[PDB]
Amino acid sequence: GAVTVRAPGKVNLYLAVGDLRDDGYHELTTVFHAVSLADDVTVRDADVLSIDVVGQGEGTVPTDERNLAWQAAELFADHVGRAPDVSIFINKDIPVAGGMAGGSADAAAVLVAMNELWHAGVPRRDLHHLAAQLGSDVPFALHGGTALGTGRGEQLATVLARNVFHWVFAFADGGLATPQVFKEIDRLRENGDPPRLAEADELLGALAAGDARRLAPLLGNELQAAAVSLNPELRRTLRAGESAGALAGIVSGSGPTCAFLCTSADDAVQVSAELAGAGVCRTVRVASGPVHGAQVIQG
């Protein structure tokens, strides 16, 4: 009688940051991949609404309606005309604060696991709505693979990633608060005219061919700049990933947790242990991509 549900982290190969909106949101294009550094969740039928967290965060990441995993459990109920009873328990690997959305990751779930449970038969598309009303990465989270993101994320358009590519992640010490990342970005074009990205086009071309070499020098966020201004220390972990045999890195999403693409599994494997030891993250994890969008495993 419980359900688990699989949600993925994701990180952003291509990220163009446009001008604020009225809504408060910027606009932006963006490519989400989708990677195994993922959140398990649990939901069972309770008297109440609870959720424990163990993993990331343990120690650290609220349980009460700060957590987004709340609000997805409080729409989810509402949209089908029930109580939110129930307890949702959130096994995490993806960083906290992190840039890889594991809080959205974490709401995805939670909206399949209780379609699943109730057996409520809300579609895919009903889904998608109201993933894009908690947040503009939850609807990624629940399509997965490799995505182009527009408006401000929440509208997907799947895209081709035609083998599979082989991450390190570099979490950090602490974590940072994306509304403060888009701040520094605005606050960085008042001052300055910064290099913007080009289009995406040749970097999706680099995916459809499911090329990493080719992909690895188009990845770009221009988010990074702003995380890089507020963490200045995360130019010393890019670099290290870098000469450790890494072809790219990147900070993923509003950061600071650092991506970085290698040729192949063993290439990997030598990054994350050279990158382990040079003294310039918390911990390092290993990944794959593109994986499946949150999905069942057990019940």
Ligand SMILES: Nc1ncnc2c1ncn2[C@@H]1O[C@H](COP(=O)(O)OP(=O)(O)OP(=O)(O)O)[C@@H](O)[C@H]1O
Contents of the next structure:
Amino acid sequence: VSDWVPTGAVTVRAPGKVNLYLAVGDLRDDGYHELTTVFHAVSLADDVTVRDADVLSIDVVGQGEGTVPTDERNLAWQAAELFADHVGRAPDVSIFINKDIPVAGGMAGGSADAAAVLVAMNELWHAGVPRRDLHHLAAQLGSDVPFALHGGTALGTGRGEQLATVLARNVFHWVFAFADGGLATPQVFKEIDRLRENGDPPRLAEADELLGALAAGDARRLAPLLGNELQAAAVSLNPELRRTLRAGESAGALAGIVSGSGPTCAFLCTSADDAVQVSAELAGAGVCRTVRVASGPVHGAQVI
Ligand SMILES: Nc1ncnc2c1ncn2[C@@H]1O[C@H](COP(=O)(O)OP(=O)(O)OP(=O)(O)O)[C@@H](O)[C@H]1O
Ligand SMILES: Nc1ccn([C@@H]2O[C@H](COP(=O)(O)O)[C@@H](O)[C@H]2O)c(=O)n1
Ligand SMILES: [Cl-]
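Return the form solved in complex with the ligand of this protein as a structure block, the form deposited without the ligand having already been given.
Once more the chain from above appears, this time first in line as the rest of the complex follows.
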């Protein structure tokens, strides 16, 4: 009820994600890695207000306010052009991004932004583009965009774009530790390739047991099953992340893991109150930039 919702605008919330499970396979023909991941959408979201305008524009507040490009480099720019081309219209809209999702943090914030734009423009124009086509467009924009449309909890395969919804039969309570800087996703995938050239480090087991924990609604069962094969790459590049993980664990978290390609650390807690406690101890531990509490699963990109 603090969202920017001027008359004639359409405002869409799209959530950040954490990978509860991320197995990384072979580098494909197309230059991407085959993935098996369980995506999970959390209450740390971006809020995107789109309006008809005389030209395409982007403005950003919140996370990355100084920082995030507002020209063609922005994934929301690309999304606006793509959606407009799909519907046979010029991308004549102003896009305002109120960001809580960290920049370059492994929570797919730009992908949330791009997904929101698709949904917002469809509604703003009453363009009638069905969910399956919005999904195809999202897939063109990037691997994490379709999940940002989809929300909830989901098994991503292929590059991450092919989604099968899974049951997460509870509210799960999270603490996120935002890092001092960011990591470039391509560098983290390159780094896992490099770590596998050097040795044969351990791979995750099948997702079966983790999926069963999720379907049971059981955070304590789930915690030790969480895992992310990019975590070794992210900690290779940012060694300090081990201190962050150790601190959140020692603060009371059931489990900590790097989210995605990092450097955000995610901490699964047993209750809301437990996360209150863990987040406080962690902010005073001197190990990360800033801390958040969040819950999941939440809905995918949705008109507010
Ligand atoms: N709307 C946006 N929000 C944040 N970063 C953006 C956006 N558009 C383009 N970027 C650029 O993309 C990179 C960061 O993207 P993002 O913040 O989505 O990383 P991420 O959240 O780690 O992505 P993923 O976890 O899906 O790989 C930076 O190079 C940044 O300049
Ligand atoms: N499945 C995936 C997803 C992303 N990536 C790496 O991350 C980069 C960004 O991918 P997206 O644009 O799909 O987010 C790719 O160019 C690639 O280097 C990958 O190598 N395998
Ligand atoms: Cl979908």
